[PDB]
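The complex appears here without one of its protein chains, the remainder shown in place.
Chain nomenclature is as follows: A, B and C, assigned in order of appearance, with residue numbering initiated at 1 for each chain independently.
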Amino acid sequence: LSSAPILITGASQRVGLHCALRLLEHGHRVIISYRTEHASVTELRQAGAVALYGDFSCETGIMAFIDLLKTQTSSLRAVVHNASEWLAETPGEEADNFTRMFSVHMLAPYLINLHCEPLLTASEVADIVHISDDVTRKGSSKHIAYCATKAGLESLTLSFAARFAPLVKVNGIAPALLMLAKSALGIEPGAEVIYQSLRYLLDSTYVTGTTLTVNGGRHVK
Amino acid sequence: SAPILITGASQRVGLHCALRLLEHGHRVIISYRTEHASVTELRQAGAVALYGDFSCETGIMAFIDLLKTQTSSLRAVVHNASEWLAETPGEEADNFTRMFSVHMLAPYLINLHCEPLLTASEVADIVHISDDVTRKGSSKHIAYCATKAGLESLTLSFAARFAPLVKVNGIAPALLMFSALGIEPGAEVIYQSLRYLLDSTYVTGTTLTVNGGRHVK
Amino acid sequence: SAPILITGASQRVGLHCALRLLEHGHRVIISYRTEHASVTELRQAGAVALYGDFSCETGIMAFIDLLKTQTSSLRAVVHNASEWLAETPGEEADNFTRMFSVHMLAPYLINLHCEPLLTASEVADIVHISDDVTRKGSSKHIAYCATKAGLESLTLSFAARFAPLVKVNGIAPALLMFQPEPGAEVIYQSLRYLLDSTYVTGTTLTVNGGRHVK
Partner (left out) sequence: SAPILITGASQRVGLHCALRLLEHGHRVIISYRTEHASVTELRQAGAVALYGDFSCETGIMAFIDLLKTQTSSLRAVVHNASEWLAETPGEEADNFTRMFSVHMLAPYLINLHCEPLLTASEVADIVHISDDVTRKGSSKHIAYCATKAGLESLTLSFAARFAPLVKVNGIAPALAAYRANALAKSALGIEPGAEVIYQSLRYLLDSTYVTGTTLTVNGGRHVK
């Protein structure tokens, strides 16, 4: 196991929390970002995670987080971009909400990846994993702005895989975040399924530029 | 009867498309961000020219307000406005946000706010002009590519929301060219694509790739 | 002014496209699997009507020979011939093979053997008509869908091999296997777009009423 830590952003979210806890259990040092002090952050601190405040809603918050991260570590085993914000398209607030989702889903991973490249290449095996949403396959009549920002994130996978090769592998996981009768398998998944996707990507040596779909066959249903 | 809006029509591709639409008898409104001989050419050819700064939310909403004073109906909206910026060190966030605003925020707000203008037309279309770069991604133009990918998402999503009254489609040109075929493309290929989409009754949620077979070469 | 070949064109969509091409002023060759009133309609309209049995290599090579007696050039080949067969128990392999023969073997052999006819024309196209079913797959029509997916791969590969002299593209219409017309006309307009384009190769046009967003 690497002694360089893994960063998981937005790890008070259900999926992020499970992944962070399992990485700690596996033996990784883990740094998390959080935007609200909560019982889940306490759970993470008690489990061994380093908890850094990160408000990814605007450029200045992203850069403040980056500065904090660099004080904390000079190497990273991986960055897992899990931070996610779903907002309603509330009338009169559509632009604000779309910009906020752009900031969380696209601006923050781009800036963190760009600024954190030297931390990742200080590690012998280095990975970026972008966690998006399987809604991008079809689009979303309801959640237009949300979906477009997750699609932008999936583009960053292809582009950073190209730029950062060969030293850093860059991949995605696209979970059906909503998640029963609309999937093929018809079962209720635990977050464990996302952790197993993450482990597959981290432990691989020959996989980059790819995105894992984790959606119980919703697309064939 | 209703006009077709083409945004950013001082750009090479947009100028050609607007002129060709006028030649084909359409009424045309263009947006422009810079007074230029190409904008004079469009006014002289018959286009109504509206200023539009899509670099920020306030510019986008000011343009929407202006458009709505100009017309109560639209035959179509062609989102052609595009800005390619370098990833200059220290300006990456500003440039990414600006391209987000032009390529994603603007089409989304214009589409949302202009839906009643389009539905006032018997046949109504939205066309998003992206960039074939999204297929592969770009090591060099990461932010640009990502904003164009977001635009392509808007095609699927608005095609769904605006059914059955507004058809929503895309064209993805290899805007670097403006390849397997090894010819130099004129903007006419983009206009032919636009005509196919406008003239179809059926087609929605699709994106036409105009790239000279780059992806097979 | 070189002729356009459209295969399997007593099928309603092929019939429509052939007739529209003739009205547009093209010389048109059609293939047909069985003699039928619409074949005489096509003859009457100006089409050069040729028998083509795409069931097996022999039938396909017979057709290619026959074609090459008619013309030394082609403006385009439109692979429209399509056969849907049920997955009848005990006949699944025979039916899968037959659909492979019509949808994959025939376009492959025709393209390979007719490349010189196409390169004799200043502008040359191949258009593969598949079926929009390939995007999602089909629980029921597994074999049919797989053969249509194989045909779509031929677009990419022949586009690469035949560049720059022949443009190779697809049209993937929805519900083609359910056809007994806006649908046929949208296919014709897609064909016209492809034939008339100058910078488009390796692509597949989806024609499906927005089914994939619905």
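Throughout what follows, contacts are C-beta pairs under 8 Å (C-beta built on N, C-alpha and C of every residue); 3 or more make two chains touch, one makes a residue touch a chain.
Enquirer: For a quick check of understanding: of A:91, A:92 or A:166, which residue touches the chain that isn't displayed?
Expert: With A:91, A:92 or A:166 as choices, the missing chain is touched by A:166.
Enquirer: On chain A, what residues meet the omitted chain?
Expert: Looking at chain A, the ones touching the missing chain are residues 158-159, 161-162, 165-166, 169, 184-187, 189, 193, 196-197, 200, 203-210, 212-217, 219-221.
Enquirer: Touching the missing chain, which residues of chain C?
Expert: So the residues of chain C touching the missing chain come out as 57, 60-61, 92-94, 96-97, 100, 104-105, 108-109, 112, 134, 136-143, 145-161, 202.
Enquirer: Can you list where chain B touches the absent chain?
Expert: 136-137, 139, 215-216
Heads up, the rule we're going with is that only the chains that are shown with their structure count from here on.
Enquirer: Just give me the whole-number Å value for how far the CA centre of chain A lies from that of chain C.
Expert: 45
Enquirer: Could you state the distance in Å from the CA-based centre of chain A to that of chain B?
Expert: Measuring from centre to centre gives 31 Å for this pair.
Enquirer: Where in chain A do residues touch at least two different other chains?
Expert: 138-139, 141
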